[PDB]
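Student: Given next are the chains, with one letter for each unit.
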Amino acid sequence: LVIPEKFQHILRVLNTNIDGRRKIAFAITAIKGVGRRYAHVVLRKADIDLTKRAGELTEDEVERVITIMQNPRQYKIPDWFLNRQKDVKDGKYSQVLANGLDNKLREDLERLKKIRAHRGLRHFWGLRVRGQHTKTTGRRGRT
Amino acid sequence: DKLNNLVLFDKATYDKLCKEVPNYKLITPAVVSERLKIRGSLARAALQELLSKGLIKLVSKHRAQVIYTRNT
Amino acid sequence: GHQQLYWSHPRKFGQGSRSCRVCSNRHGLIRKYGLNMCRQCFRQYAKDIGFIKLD
Amino acid sequence: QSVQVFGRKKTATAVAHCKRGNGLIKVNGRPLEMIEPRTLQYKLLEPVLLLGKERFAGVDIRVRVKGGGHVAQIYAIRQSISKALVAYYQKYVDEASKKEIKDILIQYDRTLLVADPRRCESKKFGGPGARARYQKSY
Amino acid sequence: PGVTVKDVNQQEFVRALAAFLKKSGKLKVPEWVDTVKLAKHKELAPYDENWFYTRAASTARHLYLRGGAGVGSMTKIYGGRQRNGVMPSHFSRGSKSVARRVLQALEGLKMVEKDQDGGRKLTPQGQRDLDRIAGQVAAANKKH
Amino acid sequence: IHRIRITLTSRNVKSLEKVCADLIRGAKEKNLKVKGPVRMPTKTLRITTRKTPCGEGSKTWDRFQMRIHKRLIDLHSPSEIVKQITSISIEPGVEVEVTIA
Amino acid sequence: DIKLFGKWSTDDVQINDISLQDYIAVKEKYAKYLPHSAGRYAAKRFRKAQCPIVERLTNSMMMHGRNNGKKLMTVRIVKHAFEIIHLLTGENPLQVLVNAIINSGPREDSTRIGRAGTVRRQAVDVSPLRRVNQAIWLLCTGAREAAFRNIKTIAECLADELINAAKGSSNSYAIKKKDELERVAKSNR
RNA sequence: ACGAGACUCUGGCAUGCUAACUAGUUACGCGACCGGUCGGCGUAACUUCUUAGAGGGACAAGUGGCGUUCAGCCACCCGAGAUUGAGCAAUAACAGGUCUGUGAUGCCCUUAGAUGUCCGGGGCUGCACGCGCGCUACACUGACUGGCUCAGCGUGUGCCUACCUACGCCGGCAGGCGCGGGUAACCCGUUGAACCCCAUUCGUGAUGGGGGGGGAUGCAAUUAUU
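Top line first, the protein sequences correspond to chains Y, R, F, Z, H, B and C.
FYI, in our numbering the residues of the first sequence are 1 to 143.
FYI, in our numbering the residues of the second sequence are 1 to 72.
FYI, in our numbering the residues of the third sequence are 1 to 55.
FYI, in our numbering the residues of the fourth sequence are 1 to 138.
FYI, in our numbering the residues of the fifth sequence are 1 to 144.
FYI, in our numbering the residues of the sixth sequence are 1 to 101.
FYI, in our numbering the residues of the seventh sequence are 1 to 189.
A couple of the hints might just be wrong.
Unchecked claim - Simulated coverage check for chain R against chain Y, where a stretch passes if three residues somewhere in it have a Cβ under 8 Å from a Cβ of chain Y: (1) 7-20; (2) 29-42.
Stated by the list, open to error - As a list, the in silico DSBU-like pairs of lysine-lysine whose alpha-carbon atoms are at most 30 Å apart: (3) Z:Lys136 with Y:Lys135; (4) H:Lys26 with Z:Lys43; (5) H:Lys143 with H:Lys26; (6) C:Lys79 with C:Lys167; (7) Y:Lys135 with B:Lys59.
Keep in mind that the hints were calculated from the coordinates and are not lab data.
Positions of the beta carbon are idealized from the N, C-alpha and C atoms, including for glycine.
Can you build the whole structure from these sequences, using the hints too?
Tutor: Given below as structure tokens:
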């Protein structure tokens, strides 16, 4: 017994018409700020019925999950547990996700590359900064 | 190299799972996903609902191996 | 002052100074059981202590 | 003083102390058919339908087990049970049907009376395991 | 024919102990179920939302089996191989703050009797109730 | 008190056997509630030593064994008798220690 | 007591081996129930003949690096689709098992002979032991390589490979590799 | 004659003998429903187990067969075992390694001008076939979460030694406040580590499958050693 109205082939939350074929709450892994533990805990604590079908999802579920990603404090996530915890420039604890400027907030590399620190002076030429021994190896993508 | 299945609601909602399957001698969720291009969630839900209806005989279960047949 | 003029540098992981004492070298030292002897003299004084080989 | 011939499979040793009883059997504070993997369930089932319940109705058997591995504990519990049954039922009552039951045992599986001799092999230096050597650089 | 804590298939024994105790409601529920990671070897959240009740059932069973099972022991029960990435995987225990919370749980519910020299023992009445749930699970399929 | 222990340790078997012969001779001198020797397991340590200082040739790890053997005896006896039995200019190579816990 | 597992009757079984049964003995007390008695027969010449086919096939399907040592899952995976062929055929699965096995052994093999001539080798008949062992190994290889990145699920595919080889149709991996090898050898005679 | 072998140890060998609750040892009204599971408790049981000193066993002697019917070889019946592994390992030599185990030894700066004494900065973590087992994992056999059930017989408190959390809690690790029971089979202990009846998910796809700031061992996290 399925819901016969409003049903869309595409599961739409963030206004980017990705393929809605994927089952519920598994398509939010592409957001640059919510992933791994955070995304999984906020779908598993959202009380979702993963045994439901694509044509039996309801507007209540999508509305509630939209509200839950809008509000970071739906279940009192700690600040050290928060995604943008004590980030540079400004300290914001609100769960906001929009294209155009979020990745620029993630781009705190401006300062590190400008002050030409040790990591910056490495990155001037494109040298590794995590100890990967690539003395002459590294043929993946370098022909 | 590419193969696509269907998770939409069509004749697969009722047909070939509510009245045509009992003609078989053995049912397997992989066989259902072969004959109808479905997923594991649908296979488990359909088996549970059909068993609640009462036309199916259990064999055993596993995380990826749950076996049933027909008896009516 | 005096603490920078001389000896402003310790070594608390020193193995070279606290090396195998009985001869004059650092290598060939394992810190179990208080060996303080190189493997060459380890064998030269093995059977004397009671060491035997069966494997 | 006592035989208590026990049972060993690999490093896992199980001993079955058998005395006068009702015929029920216990394995490590537990009856038999509740093994967690429950894939070798029939392996522990083997003796009871091999020799028959009419011989397992007058002897209380307690099994103690110790030794690593899931399967290694098995193949010794049943061996211990069988050999304890042979010992007890031989030392007291009769020898003809003793020959009968030991012959049935032998034709089904010789391991039920006599233990597996072969065990692990020590590792020698210069390689990962016992016989295997490291890769030669070239 | 009597009851035993392990005579039944222990799966349903422990499962029905946890279910019986959650429908009875005597045990309290913890305040945090996500802030802790429950294990060093685990890098993501559990998937029960009553795993505190599950762990309480597990530790009750394991204390029924062997007494003296003081803290520093149940931390190894859910611990296991830790994927250290490229490093070889060694045995690492679970986050013992959660085991400490379950230790807080047992204390004050009369579940365990402690002693100064280490260890803790189950109450005889507690094993009476454990034999009662054992009788329930036995009469479910084997004493029915 | 009647709680005195003696621990003897050596790497040789015949030495421990002659020490047990000393103890059984003392027990033959007078019958006392002295329990039998406690045979600790043959305690083995392995040591393994590369020989080629620089890498040149095979990986011949000299495998040497240090197998120490330990015997215990706990005695409830007058001190003088066992002291005379024991302090009899004991054999070299076997180490004996008397403990009162 | 005298039947397999207490369910598979061993009394009214089929002959089905004329004289290949000297290799495979599943028709007397020499037929143990479970396909697990530890690998203890691989210590002398021809003790493999004593070993039941089931245990040998269970041991074999545990290879390819991804199945190194883990055997209880192999026993589970064979008992599954053992039940499938059993209930699809309705009778004791022994006949269909043996049919699948004996339809897969390569009838002849092109062994390289000659001093330095690799352009013509000899097509010789294959021994029953080598035939059956290669058949089992190659069908298990086909089952595994039909399970990685493949829409089919392992522990069910081998049932269809078994029934197909028992019937003999060319869809199966084992009989098709055997037939291609046979045609290569026929070129070589 | 040396070497091979025998020889030594090692899993098979307490199916009988040397015998400690500190590791284990059926008997001993209680606890549990009223006769059957707790390893927390009691014949100080006169040690079968895993704790081991002696002694024993197997030898191609048994049978059949092959062999120029000798040395021997194969199969079979037996037996714990009808070839278990290592240990010791020629005469002579390589123009081998080690003075970087060493103040005896081929040596122009070795007239105490510095390689460390005293400093540790940049790196063998810098890039192109460029010689190096070191590459766990690499997905529906399995990755998740835990319902879950099993000896390392590796070993872990040191004359000028100082680096191995019970009882309660704040915590993602350590951090501790007295505090890791012990110089050890006493204290880590019946060292619940590993394929498993899955305890939500991932029914065929590169995807759920390896996967830039900080709170803190040492004098200084650095190309995230940790």
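Student: Could you run down the list of hints and mark each one as holding or not?
Tutor: Here is how each hint holds up against the structure:
With a cut-off of 8 Å between beta carbons, the segment 7-20 of chain R has 4 residues touching chain Y; three or more are needed, and the interface restraint holds. Residues of the segment 29-42 of chain R lying with their CB closer than 8 Å to a CB of chain Y number 3, which satisfies the three-residue condition for coverage. Distance check on the hinted pair: Z:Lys136 and Y:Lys135 sit about 24 Å apart at the alpha-carbon level, within 30 Å; holds. Taken as a hint, the H:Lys26 and Z:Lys43 pair is broken in the structure, with Cα atoms around 42 Å apart against an allowance of 30 Å.
For the proposed pair H:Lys143 and H:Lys26, the alpha carbon gap of about 27 Å is at most 30 Å, so the pair holds. A C-alpha spacing of about 21 Å is found between C:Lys79 and C:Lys167, which places the hinted pair at or below 30 Å, so the restraint holds. A C-alpha spacing of about 29 Å is found between Y:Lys135 and B:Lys59, which places the hinted pair at or below 30 Å, so the restraint holds.
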